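Undergrad: Here is how the chains run, residue by residue.
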Amino acid sequence: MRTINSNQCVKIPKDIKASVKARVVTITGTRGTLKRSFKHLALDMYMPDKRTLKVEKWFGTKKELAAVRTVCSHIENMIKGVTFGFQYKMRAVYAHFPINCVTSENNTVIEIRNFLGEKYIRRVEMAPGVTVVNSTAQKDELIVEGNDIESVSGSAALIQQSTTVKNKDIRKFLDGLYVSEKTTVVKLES
Amino acid sequence: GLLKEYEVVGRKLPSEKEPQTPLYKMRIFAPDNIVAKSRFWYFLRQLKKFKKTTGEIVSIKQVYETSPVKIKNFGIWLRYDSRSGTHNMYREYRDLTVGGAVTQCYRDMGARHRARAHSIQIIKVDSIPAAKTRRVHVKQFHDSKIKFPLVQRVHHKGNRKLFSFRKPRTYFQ
Amino acid sequence: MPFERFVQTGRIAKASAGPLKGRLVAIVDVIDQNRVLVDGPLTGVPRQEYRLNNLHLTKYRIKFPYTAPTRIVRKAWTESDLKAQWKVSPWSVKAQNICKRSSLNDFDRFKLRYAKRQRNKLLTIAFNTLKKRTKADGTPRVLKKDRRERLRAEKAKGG
Amino acid sequence: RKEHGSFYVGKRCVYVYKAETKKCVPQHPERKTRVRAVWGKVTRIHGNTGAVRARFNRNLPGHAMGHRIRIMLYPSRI
Amino acid sequence: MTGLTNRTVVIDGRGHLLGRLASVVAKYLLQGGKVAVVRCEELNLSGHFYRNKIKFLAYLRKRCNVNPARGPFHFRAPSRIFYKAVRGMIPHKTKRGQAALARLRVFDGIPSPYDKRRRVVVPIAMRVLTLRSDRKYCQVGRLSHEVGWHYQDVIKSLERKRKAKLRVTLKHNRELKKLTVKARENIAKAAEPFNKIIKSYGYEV
RNA sequence: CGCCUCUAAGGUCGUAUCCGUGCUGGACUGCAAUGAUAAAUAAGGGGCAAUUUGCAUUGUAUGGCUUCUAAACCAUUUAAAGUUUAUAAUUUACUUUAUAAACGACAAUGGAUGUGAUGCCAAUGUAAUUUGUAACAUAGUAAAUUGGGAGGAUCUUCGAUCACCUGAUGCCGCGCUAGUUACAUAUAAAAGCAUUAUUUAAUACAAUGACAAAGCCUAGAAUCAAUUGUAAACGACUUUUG
RNA sequence: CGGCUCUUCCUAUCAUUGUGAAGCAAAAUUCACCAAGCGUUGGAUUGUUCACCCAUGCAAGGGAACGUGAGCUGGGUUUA
RNA sequence: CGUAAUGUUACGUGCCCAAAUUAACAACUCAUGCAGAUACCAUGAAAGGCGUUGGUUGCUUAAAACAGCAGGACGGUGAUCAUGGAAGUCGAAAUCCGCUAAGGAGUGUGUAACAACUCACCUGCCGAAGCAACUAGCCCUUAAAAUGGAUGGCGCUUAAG
RNA sequence: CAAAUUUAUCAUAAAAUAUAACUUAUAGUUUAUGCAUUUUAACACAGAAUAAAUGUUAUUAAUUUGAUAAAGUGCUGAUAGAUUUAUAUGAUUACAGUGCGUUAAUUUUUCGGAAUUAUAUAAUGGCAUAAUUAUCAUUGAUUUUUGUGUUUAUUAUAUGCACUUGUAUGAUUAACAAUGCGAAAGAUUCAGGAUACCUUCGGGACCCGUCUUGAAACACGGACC
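Protein chains in written order, with full-length UniProt numbering: chain A, 1 to 190; chain B, 5 to 177; chain C, 1 to 159; chain D, 80 to 157; chain E, 1 to 205.
Check before you lean on any hint, since a few could be wrong.
[To be verified] Example chain C residues on the side facing chain A (calculated, C-beta under 8 Å, incomplete):
hint	residue
1	22
2	31
3	33
[To be verified] Taking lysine to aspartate or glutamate pairs in the EDC-like style, the calculated list, with each CA pair at most 16 Å apart, reads:
hint	chain 1	residue 1	chain 2	residue 2
4	B	151	C	4
5	E	196	C	108
6	C	131	E	175
7	E	199	C	108
8	C	116	E	175
[What the hints assert, rightly or not] To spell it out: a stretch of chain C is covered by chain E in this simulated footprint if at least three of its residues, at any positions, have a beta carbon under 8 Å from a beta carbon of chain E; those stretches are:
hint	segment
9	91-100
10	103-115
11	126-137
Hints in this document: simulated from the structure, not taken from any laboratory. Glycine residues also receive a C-beta, built at the ideal position from the N, C-alpha and C atoms.
Work out the full structure, taking the sequences as your base and the hints as a guide.
TA: Put into structure tokens, the structure is as follows:
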């Protein structure tokens with residue numbers, strides 16, 4: 001019924017310097033900086049010179065005012081992703097054949113091999129800005145960490161969609177690397 | 005057209021066995037008074053006997069909204085014929101005149117329910133205040149102080165210049 | 001904000017394309033999302049609805065209640081000093097130059113083709129021999145540095 | 080618009096074009112009769128956008144389509 | 001130098017829906033036109049991309065069986081996609097409309113005098129006035145890259161040459177009229193034919 | 001739709017499919033680069049012409065003269081986007097950021113901002129013969145020639161591509177505006193007072209044209225016939241001929 | 001009428017590619033989705049056309065121009 | 001329905017093509033292999049859609065619900081029904097009991113039979129509308145043919161449906 | 001014709017919101033993030049005053065906004081057309097207008113000027129009754145044939161004689177002006193012309209005879225003279 005006004009106001013902490021210009025929200029914290037252009041979207045985005053950032057919509061239908069909380073959580077991911085970061089943890093479960101995961105310096109990629117006793121060496125590139133490593137002090141485990149949540153989580157699930165098991169019962173051959181705990185780096189733990 | 009309201013009054017012309025038949029009246033919404041005197045007869049054939057030829061039309065007079073610049077919500081009790089389908093509705097519109105709200109209802113039923121207008125009987129039309137309306141697209145406007153920034157204009161076509169030299173620019177500042 | 005055209009009370013908007021084209025209404029109430037209730041007492045507008053297409057919003061917002069009659073609206077135009085403010089507003093000036101340019105009598109047309117021609121002759125003379133690639137040198141010094149000597153010396157002629 | 084195409088209503092039109100050969104002399108200016116013309120009047124307007132309707136003495140051959148017709152400012156009203 | 005009003009209208013095809021520009025052009029060209037459309041890689045089509053890609057791939061399927069060389073030639077450049085729309089809105093099997101089609105030049109990416117010439121828009125074909133916020137649209141330059149036109153990135157490199165030639169001809173013409181604004185204070189005492197007579201147009205001019 | 005959710009925006013993996021590449025044809029005859037550039041030497045062809053002429057016609061220009069806009073809005077982004085300028089910070093770049101103002105799709109702007117600040121006009125003659133002659137405060141401007149660097153090429157209106165342009169050599173040292181004010185001089189009346197009429201061109205700017213009209217430069221190829229046999233129904237084709 | 005020859009098209013998908021599902025452990029199969037690119041044969045009997053038989057085959061899908069007699073053949077049908 | 005001139009008329013007015021991209025509006029609809037586009041007429045149904053739009057009925061509600069992070073859900077007992085087997089449960093004649101702020105002889109792929117567990121109850125925070133059922137607009141789905149192809153064509157998506 | 005909304009207008013009026021006193025609140029902020037200053041487009045349809053606060057109560061003037069209707073109302077600008085042999089066998093017919101016209105008052109710009117009032121007869125309205133006829137509802141109202149004065153208005157008739165470039169010309173089209181002389185033999189000017197074509201362009205446009213419910217028919221006939 002074309003609602004008049006739908007709006008949402010994002011509180012921004014004391015340190016990071018968000019500055020929305022023409023829709024493009026850039027944001028800058030301790031662990032780096034991050035710009036996302038929301039200009040696919042036909043929305044208000046202005047920072048009323050407080051800490052905060054306001055996002056508004058005038059005369060949107062019912063679908064069009066669902067994107068208010070979408071974009072007001074994409075920015076709230078960014079205030080983590082430059083302050084606390086992201087760190088995924090996928091845990092490489094196997095039955096018989098061990099899973100061999102090799103990354104090096106600084107070799108952002110991975111080579112994931114011996115699955116399932118297969119000669120073929122799966123190699124998959126992590127996204128720009130995300131580093132994969134083998135997890136020290138808990139082995140048979142990976143640590144995918146970066147800044148942007150859509151390039152961390154696309155980089156975990158790139159290597160979760162391969163390794164995958166074909167032509168077998170997929171309820172029995174529970175083999176691969178599956179994400180255990182999607183987490184932030186510095187607060188509190190890892 | 006635009007559908008102003010009338011009071012059509014009718015009798016049953018009194019054969020001498022019966023003196024002074026009881027005089028029913030209406031509230032007919034119609035484009036003109038020639039069509040208000042076959043909406044009287046359509047609606048009264050549901051209600052009393054006496055068709056035409058066997059009745060009379062006593063005074064049909066037009067009624068002129070009693071506050072044309074006061075601003076008020078009109079509830080319309082309707083019933084229509086859908087494709088499978090006699091239903092009732094209660095629709096609410098926001099206007100200044102009462103023939104202008106009924107005509108804002110005869111378009112809306114055509115848009116939303118395909119309702120070509122011979123299917124719509126109007127029961128009642130009121131001027132309900134506020135905190136008696138329900139109809140969320142009318143309660144949008146029941147709050148001072150309402151703002152809404154505009155985006156709406158005309159954009160001539162072709163123009164006073166078809167091949168323009170300076171780009172209309174939907175925005176400024 | 002980016003602050004587009006606020007539909008308020010009493011945001012003075014100038015009508016744009018209807019039968020009120022050119023006059024400055026106020027806005028007292030919003031009928032629906034497409035129509036308001038326009039009322040300019042000091043400018044030849046009785047109270048009536050108007051479609052928001054044919055309106056163009058100014059920057060002025062006078063204050064009266066949302067359900068006011070025409071005398072309260074007329075009282076508030078005067079207290080705001082809106083007539084004296086509007087005719088000196090940044091591009092109500094621009095309105096009256098197009099009104100001046102409008103349709104422009106034949107004597108006034110051909111007077112300006114005469115009056116623009118004469119200062120255009122005065123403006124191609126104040127033009128375009130800067131510091132660039134003279135000094136030094138400009139050989140031959142007698143004749144391709146003849147004319148600018150009167151910009152330079154100024155007296156008299158090379159010489 | 081309609082108001083614009085009615086200024087020309089009443090006025091005299093011409094289709095002027097070129098030929099080569101006379102069957103005439105320099106009786107008047109000095110011609111091989113080497114420019115033709117076919118006059119006419121604007122009778123009325125046509126749409127809602129300032130088109131117009133004309134009625135020439137001969138008939139306008141059709142390869143004239145796209146070519147220039149001239150709206151003389153006379154028979155002059157204001 | 002000439003044209004039946006001006007030299008030719010050069011329409012910049014950037015920001016214009018394809019069929020709402022192809023009809024005002026085809027009407028204008030039957031009236032005696034001479035237009036040019038430049039930047040035909042930037043015209044728009046409404047609806048999302050795959051919806052238009054589908055429509056073109058179905059166009060590619062029409063071909064005469066007994067000879068495909070007779071059949072509908074499927075030109076793939078974004079300028080000769082636009083010419084396909086205009087040719088349908090013309091009678092092209094009469095001499096009147098074939099002469100109307102001969103007054104049409106269409107270019108993928110703005111060369112050769114129409115880069116220093118004058119670009120006009122057609123504000124009824126323009127996409128930002130007609131379509132809605134949250135309708136989807138594409139460009140013909142993306143559509144043509146996915147169907148067999150090889151010069152998408154020829155004419156992207158060709159254009160940023162042309163858009164860096166313009167970076168200095170707007171650096172000259174911005175300082176070269178820092179002097180026209182200078183010179184209009186040294187002829188302030190003209191006689192007085194600016195000081196009063198061009199208060200006919202007259203607060204700005 | 002406080003959670004959830006592959007979806008609503010937005011990302012993504014991705015088929016023996018699809019579309020291209022590679023391969024085969026090529027608008028008969030489309031386009032681009034390039035090579036030579038005639039029967040010569042008495043005499044005439046061919047350019048280079050645009051200067052070369054009267055001459056004659058062409059197109060625009062219609063009774064100066066009913067025009068140019070080949071100077072402009074940036075590239076990509078976009079219906080709360082999208083804009084300017086200013087200033088303090090900054091660029092490989094109106095780099096990016098921070099405050100403050102401005103019409104926050106007005107009339108505006110849809111034409112003239114005439115977007116290197118336009119002209120039917122300078123000439124104080126503004127036009128079918130016309131031209132112009134001096135003093136007082138402003139103004140300083142377009143001007144022709146021979147040996148270096150930086151720059152310009154998107155299916156073409158002249159590529160031994162070249163226009164601001166190193167330091168050199170000399171002149172017509174010529175023509176000049178605008179303004180106040182003064183003077184000479186000259187053209188101009190188409191016969192009609194229902195001056196509309198062939199509705200035109202002596203005008204100027206660009207372009208061909210032929211008959212006697214001045215020089216600068218130039219000095220070939222193709223095809224047939226014969227030959228080959230990488231080819232061939234015939235053409236055509238690959239070849240060769242002091 | 002069939003067969004022979006030869007080309008193109010459909011998808012109502014037999015197989016293969018990419019998949020989802022099983023009462024999917026593997027193997028084998030079944031159900032479904034995107035999907036018409038390549039393929040879909042050699043014989044005995046009958047003029048057949050389907051079905052059947054031997055066999056090969058990873059695997060042996062269904063049809064369109066009544067496709068096709070100045071293409072043939074002339075076995076069926078059909079003049080004396 | 002003689003032969004002409006002028007004017008005015010149902011079908012139409014984005015371009016083909018005469019006339020609106022209407023200084024006329026309110027809505028509806030996004031269609032990934034025919035979105036849809038004028039009668040007759042050139043087909044398409046039954047039945048669906050937490051796609052969106054409107055509408056009708058009933059409950060919960062400004063006693064604090066709805067959602068969610070936070071509790072229990074075992075048992076008076078394998079009463080019996082019962083051996084794939086019923087200990088909170090296929091079936092099931094039958095049917096009666098916990099506790100309080102608050103726990104189901106309890107629906108289950110089959111967890112051989114057991115366990116737990118958790119969609120009720122109710123103390124929370126939340127503090128504002130929530131819940132279902134129903135209806136008929138459009139779109140989708142249902143919707144599969146053979147030359148290449150047809151709203152007449154182009155093309156249209158704050159429409160040109 | 002209702003609308004007493006429009007507008008101003010009184011009456012105690014009680015509201016469905018703006019103006020002057022202000023606590024908190026996010027605040028790039030200030031100094032010691034409170035305040036200081038903003039934001040009010042957090043401002044409490046909160047506190048004080050005031051604001052028709054909705055009509056309630058009132059009456060109205062731009063005749064009471066708009067709509068419908070009527071008055072050669074009037075004016076303006078166009079477009080197309082204009083039979084007409086007024087006797088190759090029946091009035092140029094009547095109408096109307098303009099020019100010399102006894103007066104006398106009353107005014108008028110002051111010009112050959114112009115207006116008015118004064119004459120009889122016949123009506124017709126408006127008004128005041130008295131009759132009469134006959135009906136919606138009848139306190140009355142409407143109506144037919146009258147009558148007479150009271151009266152105040154308006155039309156008609158009373159314009160004869162002679163003359164003249166003023167309507168139907170009894171389907172009117174008629175004028176001013178420009179161009180152009182039908183030369184003794186033969187030019188020229190203007191307009192027109194599918195003569196048989198050719199050129200150019202836009203619209204239209206299937207192949208005839210035939211039998212047929214239906215032919216361009218993939219029905220038959222017809223290569224041409």
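Undergrad: Against which earlier hints does the structure fall short, listed by number upward?
TA: Checked against the structure, the hints that fail are numbers 1, 2, 8, while the rest are satisfied.
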